[PDB]
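What follows is a single chain, given as structure tokens, in the form deposited without this ligand.
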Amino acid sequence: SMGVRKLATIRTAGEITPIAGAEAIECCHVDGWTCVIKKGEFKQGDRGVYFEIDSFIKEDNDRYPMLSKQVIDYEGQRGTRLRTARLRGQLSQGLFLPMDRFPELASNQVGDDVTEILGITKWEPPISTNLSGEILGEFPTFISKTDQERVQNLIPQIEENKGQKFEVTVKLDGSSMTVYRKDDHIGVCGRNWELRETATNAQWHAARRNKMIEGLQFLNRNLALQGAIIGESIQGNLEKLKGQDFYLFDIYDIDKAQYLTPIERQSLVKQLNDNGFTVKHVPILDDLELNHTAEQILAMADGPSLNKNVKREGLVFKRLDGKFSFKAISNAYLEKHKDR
């Protein structure tokens, strides 16, 4: 999977191209991103600070006067959130600023995470937590979480893993949920917390309707089923589904501290289905053998979702051996959904 994000990093300008009719700016490639810069601000190879989309940059007319016209109030604090945008027709994601405006980074690395050095934080869309009335404990220390790295940041490795095969799945928009078994206890979790079973609780309800608690009693293993519950009253219900339901996308072997490879996870889901435990998986598309650009897999990211009449958030790719994974988020979808 992944760890936690490096919102502000020192990188190097890739290929720099003109922007038609707008010749006070130019298009700058930062490794897998395209990002609009002022003319002559960089030349290919010069170092700068790259802030990815979803960065939150507090208001500062000394370092970020060019952010002065997108100032919002976020969580009670005033600043600018970097989001995918189209400027003079050019798709632009992130902010790339020269090194000479950040004296405190002169000693610093290429690849350095200076997110906290520069006080930048991650912006997130509003989310309704559960209440403290159903919270159970903390999301178990012994279970991996769901995050995936973006293809835009893995351009050297997309070249070194060339030739390998990938399970490709649709990334759905929902709330994170984990149903796990450690030896005698079975638990249900949100993204950050474990939940107590009530008949009313939505995660427990979904776990009890697809019967995945009884599936983990049946499998008699210490496993964590990880996915999203998506549907009505969950974060836009962007697939328009009836009700709510759990869609599995990974299985964590608690005992081995590792994820089942796609065919193991696929070998384990059917078994559940074959024994009457109707556990859903995110839509699985055809395996693909790596022979592609970062830009072209991103082209594959656009498309229909589980609701094929809806635009998908993207696709996820992890190699059949399970030792390298990434997501490619559809930029078409990001451009359409501006609270995302």
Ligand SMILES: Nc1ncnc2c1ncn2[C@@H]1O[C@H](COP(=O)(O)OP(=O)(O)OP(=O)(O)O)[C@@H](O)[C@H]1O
The other form holds:
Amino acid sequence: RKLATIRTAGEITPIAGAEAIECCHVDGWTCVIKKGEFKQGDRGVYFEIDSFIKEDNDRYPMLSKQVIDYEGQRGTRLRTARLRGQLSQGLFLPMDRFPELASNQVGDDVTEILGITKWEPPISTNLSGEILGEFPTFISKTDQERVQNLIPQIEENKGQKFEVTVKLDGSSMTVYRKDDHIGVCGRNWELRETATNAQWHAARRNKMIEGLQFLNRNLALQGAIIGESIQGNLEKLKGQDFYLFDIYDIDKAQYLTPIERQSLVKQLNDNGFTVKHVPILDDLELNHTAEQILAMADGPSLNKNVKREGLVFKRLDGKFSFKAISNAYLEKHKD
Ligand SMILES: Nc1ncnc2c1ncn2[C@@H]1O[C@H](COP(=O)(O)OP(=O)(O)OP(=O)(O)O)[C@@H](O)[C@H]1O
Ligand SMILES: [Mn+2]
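Alternative state: the form deposited with this ligand bound, after the form deposited without this ligand:
All chains and molecules follow, beginning with the one already shown.
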């Protein structure tokens, strides 16, 4: 994930309350900047929310009063914030503050060169087992790009049609089969079945192991586990359950399209395998800007009386996929 990249200043607009600052559009994001830091069309380094930036008075003095400890080192975590009434996200700095990047090009990922890293909520301790092996290379990891970083693609996909589903807030979990072996994995490892492992227990109680055996194909069930003991259980659940959102065809190396997934989950439940699916909302004919898509992010969740974290969109061909995280949710939750 490109936590710090080189980007272009979009349109700049005043903020009436405090004229020492102004509102700057970096592609889909809005920043508060110092007035006269950028004119539109200038390049700079933009750090995304969740960046953790080590303490530097020369380079990041504007971060000096939100310094925290994190996993041993001292630095600043970027979150959604409301600065003098203006909702602002990330940090945009001009290039004359980065001499060692003087001849980098727009679009470059300078995460590693600046030592940026990602602040992460601590381990949910009921969800970490013993590791049989790494995540299998013949399976794609579950990762969604943010719509604020895709404005060119949204204009390209004008006219395309997308499946819209609720984005649950839980940890990712993969159950798969390759020919005589059925494995359970979290985000980055394949785990051994214990009387401990939350993922194995989710897999066994909805029987997706015999289900995958039954279906007799090299498929990867990918879902979020959510519920008790998981990210504050904002969905008011009893227990923990598996909610699917993608199926990776291992042999063809590509995800199932929505209707294929939809009919395969149907096939699974028909034969008595209790695989739940992330909530599907009605499909979308993309004719939108990033702002309008974000504007759909707020709304009812799996529990219809709680505000969802956001939405994810899947182009029906199955090859284009992005999320749009609710900013109201991000503001009503700082961790
Ligand atoms: N409806 C959904 N469709 C796809 N993924 C979903 C859905 N609901 C929840 N998820 C979760 O979304 C996550 C994948 O998105 P993402 O790549 O943003 O996660 P991340 O790598 O943990 O976060 P980030 O990279 O943005 O810091 C997975 O952890 C998966 O469990
Ligand atoms: Mn990711």
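Take the two forms, find the largest set of C-alpha atoms that superpose within 1.5 Å, and that set is the rigid core. Numbering follows the first chain given and starts at 1.
- With the core held fixed by superposition, the comparison between these two forms singles out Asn201 as the only member of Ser144, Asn222, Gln148, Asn201 whose CA moves by at least 2 angstroms.
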